[PDB]
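S.K.: So you can see what is in the structure, the chains are spelled out below.
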Amino acid sequence: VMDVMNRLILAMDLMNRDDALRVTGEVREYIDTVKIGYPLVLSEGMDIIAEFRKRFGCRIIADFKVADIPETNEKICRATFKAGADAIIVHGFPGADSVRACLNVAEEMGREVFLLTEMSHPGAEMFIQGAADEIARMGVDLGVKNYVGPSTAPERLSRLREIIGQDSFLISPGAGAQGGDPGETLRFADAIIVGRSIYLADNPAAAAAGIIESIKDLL
Amino acid sequence: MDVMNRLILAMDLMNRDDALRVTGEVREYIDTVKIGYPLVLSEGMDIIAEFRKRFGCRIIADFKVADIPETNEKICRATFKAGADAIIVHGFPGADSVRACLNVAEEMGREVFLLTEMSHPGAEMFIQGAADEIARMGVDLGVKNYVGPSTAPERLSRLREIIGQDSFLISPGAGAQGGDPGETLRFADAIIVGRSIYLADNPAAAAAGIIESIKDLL
Ligand SMILES: O=c1cc(O)n([C@@H]2O[C@H](COP(=O)(O)O)[C@@H](O)[C@H]2O)c(=O)[nH]1
Ligand SMILES: O=c1cc(O)n([C@@H]2O[C@H](COP(=O)(O)O)[C@@H](O)[C@H]2O)c(=O)[nH]1
Numbered sequence: 008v009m010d011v012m013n014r015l016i017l018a019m020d021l022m023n024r025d026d027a028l029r030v031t032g033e034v035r036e037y038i039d040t041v042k043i044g045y046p047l048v049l050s051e052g053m054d055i056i057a058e059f060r061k062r063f064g065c066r067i068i069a070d071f072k073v074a075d076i077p078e079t080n081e082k083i084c085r086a087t088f089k090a091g092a093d094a095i096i097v098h099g100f101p102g103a104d105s106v107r108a109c110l111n112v113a114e115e116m117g118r119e120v121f122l123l124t125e126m127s128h129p130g131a132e133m134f135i136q137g138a139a140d141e142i143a144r145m146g147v148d149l150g151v152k153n154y155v156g157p158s159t160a161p162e163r164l165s166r167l168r169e170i171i172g173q174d175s176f177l178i179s180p181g182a183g184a185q186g187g188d189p190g191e192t193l194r195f196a197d198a199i200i201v202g203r204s205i206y207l208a209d210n211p212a213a214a215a216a217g218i219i220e221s222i223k224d225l226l
Numbered sequence: 009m010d011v012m013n014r015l016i017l018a019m020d021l022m023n024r025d026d027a028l029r030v031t032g033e034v035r036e037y038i039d040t041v042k043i044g045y046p047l048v049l050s051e052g053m054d055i056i057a058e059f060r061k062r063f064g065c066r067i068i069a070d071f072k073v074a075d076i077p078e079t080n081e082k083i084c085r086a087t088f089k090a091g092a093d094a095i096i097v098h099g100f101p102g103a104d105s106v107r108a109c110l111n112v113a114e115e116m117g118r119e120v121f122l123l124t125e126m127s128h129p130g131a132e133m134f135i136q137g138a139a140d141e142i143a144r145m146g147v148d149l150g151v152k153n154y155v156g157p158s159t160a161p162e163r164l165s166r167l168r169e170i171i172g173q174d175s176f177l178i179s180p181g182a183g184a185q186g187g188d189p190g191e192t193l194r195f196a197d198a199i200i201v202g203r204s205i206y207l208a209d210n211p212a213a214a215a216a217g218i219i220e221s222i223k224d225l226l
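Residue numbers (the deposited numbering), protein chains in the order written: chain A, 8 to 226; chain B, 9 to 226.
In case anyone wonders, no lab produced these hints; they're calculated from the structure.
Accuracy of the hints is not assured; some may be wrong.
[As the list claims (entries may be wrong)] Calculated from the model, a selection of chain A residues having no Cβ within reach of chain B, i.e. all distances over 10 Å:
{"#": "1", "residue": "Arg-14"}
{"#": "2", "residue": "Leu-28"}
{"#": "3", "residue": "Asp-39"}
{"#": "4", "residue": "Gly-64"}
{"#": "5", "residue": "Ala-74"}
{"#": "6", "residue": "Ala-86"}
{"#": "7", "residue": "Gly-91"}
{"#": "8", "residue": "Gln-173"}
{"#": "9", "residue": "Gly-186"}
{"#": "10", "residue": "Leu-193"}
{"#": "11", "residue": "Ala-213"}
[Unchecked claim] Taking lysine to any residue pairs in the SDA-like style, the calculated list, with each CA pair at most 20 Å apart, reads:
{"#": "12", "chain 1": "A", "residue 1": "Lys-89", "chain 2": "B", "residue 2": "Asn-23"}
{"#": "13", "chain 1": "B", "residue 1": "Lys-89", "chain 2": "A", "residue 2": "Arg-24"}
{"#": "14", "chain 1": "B", "residue 1": "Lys-89", "chain 2": "A", "residue 2": "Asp-26"}
{"#": "15", "chain 1": "B", "residue 1": "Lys-89", "chain 2": "A", "residue 2": "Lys-152"}
{"#": "16", "chain 1": "A", "residue 1": "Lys-89", "chain 2": "B", "residue 2": "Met-22"}
{"#": "17", "chain 1": "A", "residue 1": "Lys-89", "chain 2": "B", "residue 2": "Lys-61"}
{"#": "18", "chain 1": "A", "residue 1": "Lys-89", "chain 2": "B", "residue 2": "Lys-89"}
{"#": "19", "chain 1": "B", "residue 1": "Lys-89", "chain 2": "A", "residue 2": "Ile-55"}
{"#": "20", "chain 1": "B", "residue 1": "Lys-61", "chain 2": "B", "residue 2": "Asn-23"}
{"#": "21", "chain 1": "B", "residue 1": "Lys-89", "chain 2": "A", "residue 2": "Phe-195"}
{"#": "22", "chain 1": "B", "residue 1": "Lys-89", "chain 2": "A", "residue 2": "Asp-54"}
{"#": "23", "chain 1": "A", "residue 1": "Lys-152", "chain 2": "A", "residue 2": "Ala-184"}
{"#": "24", "chain 1": "B", "residue 1": "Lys-89", "chain 2": "A", "residue 2": "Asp-25"}
We treat Cβ as the ideally placed atom computed from N, Cα and C, and that holds for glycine.
This is chain A alone, in the form it adopts within the complex:
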């Protein structure tokens, strides 16, 4: 499994190239894994992945929540890996064929798929929560090894870890700004994803170091 420094993944959702680069550079000593999503990619282009790889010693997870038909999923993954992303995040709710399309490209291209099985925000309760156990089990059946589950619902996160087993790799957003607790989350997740708590802080470095100190015994 990828070796995530300090069990901490920066969610770089600033939409300005200069700011994203400044903040990411400032926390570089604490984090070697960066999640880049559409807020930044749609603002600055896929070349932002190239610039991050040039500037920092960071793994790149493309948080694109892939959610299309299999044929379109295939193209999205091909474009994303071509640009230099190490991994891509895909939704499981569109079903098994859509997930397998992504797995097949990642296999061909030598990269990784993460499966998002359940989400951290209130709206996740309406439709996703009820499908989550089955989406997770479908992931296991398809051979998915990397997963995403919510920091804001420890009870649900614990169940996800059960389903996927101790050998699978699990990352979790929702600590900090959304109210999730880093320590409790790391009881089940391999790494926490953290965005605003860090990138909106007056001192992103101090904020990152503070999170890390709070979980020191877990490293």
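With chain A held as given, fit chain B with the ligands onto it using these hints.
M.R.: Showing chain B with the ligands alone in chain A's frame:
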């Protein structure tokens, strides 16, 4: 929304030169183009302004927005800054995520399309069972624009029943995926068509032919 010939081109080619050439070849038949991540992630968001400059077409950004509300807001803002007229959003992540998109669209004078049910076989596993409830959620939220599948006309008809005749409904899956243009337009306002046109030996003749086959529905 007034779509020429009830036909929306899904431009999923991933090369700028081919995308522009093929769109130019069928321009006389359409005035609405769906641009998705295959083209955008390959060529950049500047392609949206390039299409408007070359064709003056309306642009629907098919980004299947499916994140938390805060991120959805950022995605729509970036998308509309690029010149998109409309954006397609998933309903499965729930109401707050959809409302986030509605807010930005209102702020920038754009439209949100709610994808309530999909066209491919995997849609049966999780989406189909939620689809009616997602459509009702759209109605509750004041959504007026919807997306549903040409490959399942009985499901598309049910979607039309829920949203009413006043809402706008577009539908992918005709052609390559096996849907029928004429049957689909019994329920949808417009059909979305990609491969049947953009992979055809002669895209212009392909578009013309589809239109010929539905000429009585125009
Ligand atoms: O269920 C999920 C899945 C996500 O990818 N995310 C993503 O994780 C990040 C969380 O950032 P933040 O720490 O600012 O709340 C955002 O990029 C968001 O899109 C989430 O918040 N909840
Ligand atoms: O349920 C859906 C929703 C879609 O947006 N689409 C999109 O509609 C287009 C269909 O293209 P095609 O005519 O080549 O099958 C693709 O861009 C696809 O991503 C779909 O096929 N099914």
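S.K.: With 10 Å as the threshold, tell me whether A:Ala-213 passes as away from chain B on beta-carbon distances.
M.R.: 23 Å, holds
S.K.: Against the 20 Å threshold, does the CA-CA distance of A:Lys-89 and B:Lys-61 hold or violate the hint?
M.R.: 28 Å, violated
S.K.: Need the status of pair B:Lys-89, A:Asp-26: alpha-carbon distance at most 20 Å?
M.R.: 19 Å, holds
S.K.: Over 10 Å from every CB of chain B: does A:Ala-74 meet that, or does the non-interface label fail?
M.R.: At roughly 5 Å from the nearest Cβ of chain B, A:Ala-74 sits no farther out than 10 Å, so the non-interface label is violated.
S.K.: Can the restraint linking B:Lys-89 and A:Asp-54 be considered satisfied, given a maximum Cα separation of 20 Å?
M.R.: Between B:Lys-89 and A:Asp-54 the Cα gap is close to 19 Å, so the pair holds against 20 Å.
S.K.: If you draw a straight line from the CA of B:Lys-89 to the CA of A:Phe-195, is it 20 Å or shorter?
M.R.: 39 Å, violated
S.K.: Would you assess whether A:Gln-173, listed as outside the interface, keeps its beta-carbon beyond 10 Å of every beta-carbon in chain B?
M.R.: 26 Å, holds
S.K.: Does B:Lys-61 pair with B:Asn-23 here, judged by a C-alpha cut-off of 20 Å?
M.R.: 18 Å, holds
S.K.: Checking a non-interface call: every C-beta of chain B should be farther than 10 Å from the C-beta of A:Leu-28. Is that right?
M.R.: Correct as stated: the minimum Cβ-Cβ distance to chain B is 17 Å, above 10 Å.
S.K.: Does the claim that A:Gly-91 lies off the interface hold, with its Cβ farther than 10 Å from every Cβ of chain B?
M.R.: 12 Å, holds
S.K.: Within a Cα-Cα threshold of 20 Å, do A:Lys-89 and B:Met-22 meet the stated pairing?
M.R.: Satisfied, since the Cα-Cα distance of roughly 12 Å is no more than 20 Å.
S.K.: Is the Cβ of A:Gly-186 farther than 10 Å from every Cβ of chain B?
M.R.: Non-interface label on A:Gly-186 holds, nearest chain B Cβ at 13 Å vs cutoff 10 Å.
In summary, the numbered hints that this structure violates are 5, 6, 15, 17, 18, 21 and 23.
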